[PDB]
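Student: Now for the letters of each chain:
Number of protein chains: 2
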Amino acid sequence: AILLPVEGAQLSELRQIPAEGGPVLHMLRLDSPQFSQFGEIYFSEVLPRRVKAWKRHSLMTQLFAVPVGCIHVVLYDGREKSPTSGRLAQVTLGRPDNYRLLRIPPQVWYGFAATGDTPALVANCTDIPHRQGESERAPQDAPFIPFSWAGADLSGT
Amino acid sequence: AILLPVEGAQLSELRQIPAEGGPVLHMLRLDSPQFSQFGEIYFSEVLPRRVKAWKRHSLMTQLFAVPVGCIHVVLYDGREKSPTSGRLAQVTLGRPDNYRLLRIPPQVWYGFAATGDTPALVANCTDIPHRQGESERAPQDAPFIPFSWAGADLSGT
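These protein sequence lines map, in sequence, to chains A and A'. A prime marks a further copy of an entry chain.
One rule links them: number in the entry's author numbering = place in the first sequence (from 1) + 13.
One rule links them: number in the entry's author numbering = place in the second sequence (from 1) + 13.
Some hints could be false.
Remember, identical chains collapse to one label, so a pair may be satisfied in a single copy or spanning two.
[Unchecked claim] Only pairs whose alpha carbons sit at most 25 Å apart, straight line, appear in this in silico SDA-like list of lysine to any residue: (1) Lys94 - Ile30; (2) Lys68 - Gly34; (3) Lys94 - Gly164; (4) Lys94 - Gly21; (5) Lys94 - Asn111; (6) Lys68 - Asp44; (7) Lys68 - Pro36; (8) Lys68 - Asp166; (9) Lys68 - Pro31; (10) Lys68 - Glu33; (11) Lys68 - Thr105; (12) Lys68 - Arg150; (13) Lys94 - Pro36; (14) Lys68 - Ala151; (15) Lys94 - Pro118; (16) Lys68 - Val37; (17) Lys68 - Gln29.
Honestly, the hints are just simulated from the structure, not real lab data.
Assemble the whole structure, with the sequences as input and the hints as a guide.
Tutor: Right under this line is the structure:
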């Protein structure tokens, strides 16, 4: 796994198995080094050039895969006691050259947007299920999160 | 959950949460009545009008969701001692009116194909991870499995 400029954030390879009719795309196994605990599996559709930002969880860890389309993810370390406090991590997720698993640790702000001209499908396998009050949001232009979505290049070009 | 003409095969509702940028699509939680055990989560892309058939597992149970596109699934009960031995179950999976979770029990043959003119993305959350020798295949035209994919209407119309 590749470490990112935000402490605890990791990027790992996901296998695409070629097959007639279309490929098989891995995500996570019980024995995967990246697997910890099963909480929930859900999907998030992101229409092209649309932004979903910003989110933060108190305890939950995210495991993102993007089997359809392409997204730009931005991570912001708001953890006061983190050795990478105040830093950003920017990652591109999607086929065919960026099909990886992104680990987002708790208390790290995240946002993402679909690039190009077709929708993205983000899959998330979380370690705990969704529960009221365990997560926090901020407007996508929150001035305390040092990244401008309005300024982002979502052309995918 | 809706029972199907093949014993043990079930169909359950999956929530689509509306949201700006695109909806959130549920699949499975730890407390879901349909959850048993976490083995693996993978995806299968099916190009339009393409068929992936036939498969059978000795112990494994399948939990299919189709968050992108649309597929036609056919189930065939080859279990000699099943009260629905020899029967077929046909199901349509996909948004927006057929976004459900399909449970395929072990030792039931399955096949599926993408309808329409855009690809499908099938998600599968299995109770055990993939392992050599635990599954079996048959050509998509196997004459012992009483369904003709060649004759199927995959227009999606």
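Student: It remains to establish, for every hint, whether it holds in the given structure.
Tutor: Now the hints, each set against the structure:
no.	hint	in the structure
1	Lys94 - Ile30	neither (41 Å within a copy, 35 Å between copies)
2	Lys68 - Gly34	between (36 Å within a copy, 14 Å between copies)
3	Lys94 - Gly164	neither (29 Å within a copy, 63 Å between copies)
4	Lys94 - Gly21	within (13 Å within a copy, 52 Å between copies)
5	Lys94 - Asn111	neither (31 Å within a copy, 47 Å between copies)
6	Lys68 - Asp44	between (28 Å within a copy, 24 Å between copies)
7	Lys68 - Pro36	between (31 Å within a copy, 16 Å between copies)
8	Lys68 - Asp166	within (21 Å within a copy, 43 Å between copies)
9	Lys68 - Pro31	between (35 Å within a copy, 17 Å between copies)
10	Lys68 - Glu33	between (38 Å within a copy, 14 Å between copies)
11	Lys68 - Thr105	within (18 Å within a copy, 34 Å between copies)
12	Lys68 - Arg150	within (5 Å within a copy, 43 Å between copies)
13	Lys94 - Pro36	neither (43 Å within a copy, 35 Å between copies)
14	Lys68 - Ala151	within (7 Å within a copy, 46 Å between copies)
15	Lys94 - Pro118	within (14 Å within a copy, 49 Å between copies)
16	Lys68 - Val37	between (30 Å within a copy, 14 Å between copies)
17	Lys68 - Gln29	between (29 Å within a copy, 19 Å between copies)
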